[PDB]
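Only one chain is given next, in structure tokens, and it is the form solved without the DNA.
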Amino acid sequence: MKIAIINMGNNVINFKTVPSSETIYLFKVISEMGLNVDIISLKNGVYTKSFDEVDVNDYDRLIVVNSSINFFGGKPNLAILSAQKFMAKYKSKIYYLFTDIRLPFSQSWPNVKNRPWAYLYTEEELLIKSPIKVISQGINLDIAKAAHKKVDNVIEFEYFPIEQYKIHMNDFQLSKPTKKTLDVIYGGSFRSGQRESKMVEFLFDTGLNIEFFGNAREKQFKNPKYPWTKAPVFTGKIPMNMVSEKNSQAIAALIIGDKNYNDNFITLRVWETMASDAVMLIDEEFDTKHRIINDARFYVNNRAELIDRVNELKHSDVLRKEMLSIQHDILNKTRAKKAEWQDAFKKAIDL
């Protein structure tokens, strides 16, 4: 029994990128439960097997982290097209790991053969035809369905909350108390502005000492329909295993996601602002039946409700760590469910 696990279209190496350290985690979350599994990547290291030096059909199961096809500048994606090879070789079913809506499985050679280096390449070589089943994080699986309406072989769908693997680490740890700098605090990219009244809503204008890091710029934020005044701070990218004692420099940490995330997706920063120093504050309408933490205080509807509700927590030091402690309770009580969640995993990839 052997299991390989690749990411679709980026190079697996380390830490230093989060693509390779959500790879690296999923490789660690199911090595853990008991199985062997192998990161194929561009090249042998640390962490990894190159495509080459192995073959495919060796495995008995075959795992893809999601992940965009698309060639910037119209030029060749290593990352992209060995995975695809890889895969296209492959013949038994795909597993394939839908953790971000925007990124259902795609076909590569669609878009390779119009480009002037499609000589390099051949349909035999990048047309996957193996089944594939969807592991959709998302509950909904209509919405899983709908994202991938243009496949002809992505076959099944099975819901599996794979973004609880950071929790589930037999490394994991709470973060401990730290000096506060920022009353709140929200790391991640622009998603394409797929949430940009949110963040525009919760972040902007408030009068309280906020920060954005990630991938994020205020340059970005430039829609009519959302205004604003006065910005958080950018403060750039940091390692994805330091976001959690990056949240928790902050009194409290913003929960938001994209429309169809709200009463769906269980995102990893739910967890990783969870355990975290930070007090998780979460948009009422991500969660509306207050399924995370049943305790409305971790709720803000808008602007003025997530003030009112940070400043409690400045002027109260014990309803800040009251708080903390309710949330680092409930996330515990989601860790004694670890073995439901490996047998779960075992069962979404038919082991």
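Basically, rigid core = biggest C-alpha set you can superpose within 1.5 Å across the two forms. Numbering follows the first chain given and starts at 1. What changes on going to the form solved in complex with the DNA:
Here the two forms are overlaid on the core, and between the two forms the C-alpha of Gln220 is the only one among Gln220, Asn153, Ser92, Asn140 to shift by 2 Å or more.
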Contents of the next structure:
Protein chains: 2
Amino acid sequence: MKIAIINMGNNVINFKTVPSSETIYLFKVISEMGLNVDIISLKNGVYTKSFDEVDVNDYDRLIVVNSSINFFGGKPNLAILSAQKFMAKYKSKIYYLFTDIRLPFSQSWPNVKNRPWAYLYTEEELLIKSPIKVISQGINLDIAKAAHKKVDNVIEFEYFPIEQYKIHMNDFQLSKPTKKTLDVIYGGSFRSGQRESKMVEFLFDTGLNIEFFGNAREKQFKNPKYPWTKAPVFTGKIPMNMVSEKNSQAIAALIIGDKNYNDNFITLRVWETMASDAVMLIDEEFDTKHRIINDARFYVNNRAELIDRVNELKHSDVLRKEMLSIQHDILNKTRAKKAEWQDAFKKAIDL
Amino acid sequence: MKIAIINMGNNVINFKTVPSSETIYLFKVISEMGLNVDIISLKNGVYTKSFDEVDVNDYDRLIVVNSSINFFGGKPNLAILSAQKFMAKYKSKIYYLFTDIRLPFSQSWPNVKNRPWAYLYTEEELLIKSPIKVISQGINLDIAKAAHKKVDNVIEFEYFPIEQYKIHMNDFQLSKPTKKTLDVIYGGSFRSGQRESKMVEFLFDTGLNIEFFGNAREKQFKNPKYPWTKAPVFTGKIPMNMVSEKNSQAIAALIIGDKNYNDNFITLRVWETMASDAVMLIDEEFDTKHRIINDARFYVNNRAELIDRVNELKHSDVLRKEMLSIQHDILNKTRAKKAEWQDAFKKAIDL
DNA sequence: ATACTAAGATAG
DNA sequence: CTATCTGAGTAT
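Mind sharing the form solved in complex with the DNA? What's above is the form solved without the DNA.
Whole complex next, starting from this chain.
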């Protein structure tokens, strides 16, 4: 039972990029399940074998982490092409991990055949004919089907909480009480549209000491529709395995709403936050039914509520520790189900 | 008082390179102050002592010419590493000359520890703990504090017109009346974005016989946001300390704006142009408050103001001299106050 | 060959 | 939008 996992459109080397670190963490958690698995990527590395140095048919299961197939600057992206070349040569069923609604499986050939560099590839080289099963992170399989109604070789759809790999990792550790230095903290990147509105709403002009870490830059918030005076402090990105300790430096860590996740996907951030020493405050829009934590106090709808809830927390150490113990209790109930989780995954890749 | 001066990331031997010349010229101007100074670098030379043969703690003052940490080809950069090991062993305050907004002081250790060759160094030998005093060439100390935010041991800030070392040199001599063969001249290299914009706004489609020397070619200008028909004449590189001799060839030398220096840093260029037989014209953005010269005639806004002024100088050999006589009187008044500059420097390195 | 380059591409 | 990531090309 030899399993191969690859990222469809991103180089896999270290933990310095989101797609790469996720592919490696998926490889690590699948290994810890007692499965023999390799990561194939563009070159040999600490975690990967080269596409050029293996026959895709030496594996009984091919898992493909979703990625986009857009070619930046119209130039050839070897990460995409080499991965699909590899997929096309596979004579068996392909398991596509759908963790981002914006990244449904997609053939590259069509987007390649009309390129100046088209001569480099042939349709037989890139066209994937194998049947594909989509393992959707989003519980709503209707949305998963919709996004793939463009590709006919997708024949199975199944829901599997992939993002739970962060809490099921053997070395998982709850954050320990921490000396606070921030009222509210939020990690992410800038995104125009409703995403800008949402962020200015919860992070700007709160009157609280807030830190926005990640890839966002203050000067990206210019839209006159969502004005502001006092912005939060911006910080550089942080290692995947440091997120929870980074969040723990604040009394409260926020989860903002997003049209591509709301009531459908539980995200890595939810767990990273719920695991920290920071009380997890969730944008009502993100989880209307409160599937995450069955306690209204963990939810906020606007700036007034966020400000009010955070101030109740910065004064009441007792209220803070209680909420903290409730979110840790909920996390652990989920963790207790590890074995069911692992079997569900084996079951999802027909093992 | 024994003073040691080093360049953080460049080797110092002679005047064959930009950074080396700067360090040696800084060295000479300080020696001419009657101070005891030594240049410490990689190998012993006419102007330098080797890092591996001197004990940094023998000096009462350690001056570090700003530089960047860029490990070309991912390989160890000996000037940066030797320099920072030297600085790390130092036990008193460090004086960092910030002559370029792009070169804030930076620790190299965080960079080295994650390199495959990290085992060749220890944090004890690279981590610089001594307090740092940034002596900024820019007069806006807020722009200087802003740049050194990442660092924590940078305690002081102070402005000092460092670029003036060229005029106060016991060597300095104004350029004598030169036979004109160019209407306009400008030295430098192109970068991108607005850098190219400006260079095209002031040196292209003017109808004037303009020359452009340094690291720059014609095709390097593609951006269809700033279109041009007739480009100036590119003369490539010239010696490394004959800029004044070069500029004097034209009727007027140009100083164009730059997001980094504008209303902050007076550059070596300014003084090398102000010292030439060429009338120095300045981009209004580079110095709006008109600090350089107090006379509107030397400043321009766009291609219009430019070509116009150059014409007034061509059709009035009398006007040329008058303005030329003005800039020289300014330089002369600055040079006469050499002692005020020197004493200001001493007070900068706490003497 | 020798020595210098004040760093360009990428992340989200 | 720049902090972070990657890792030899250019000038003598």
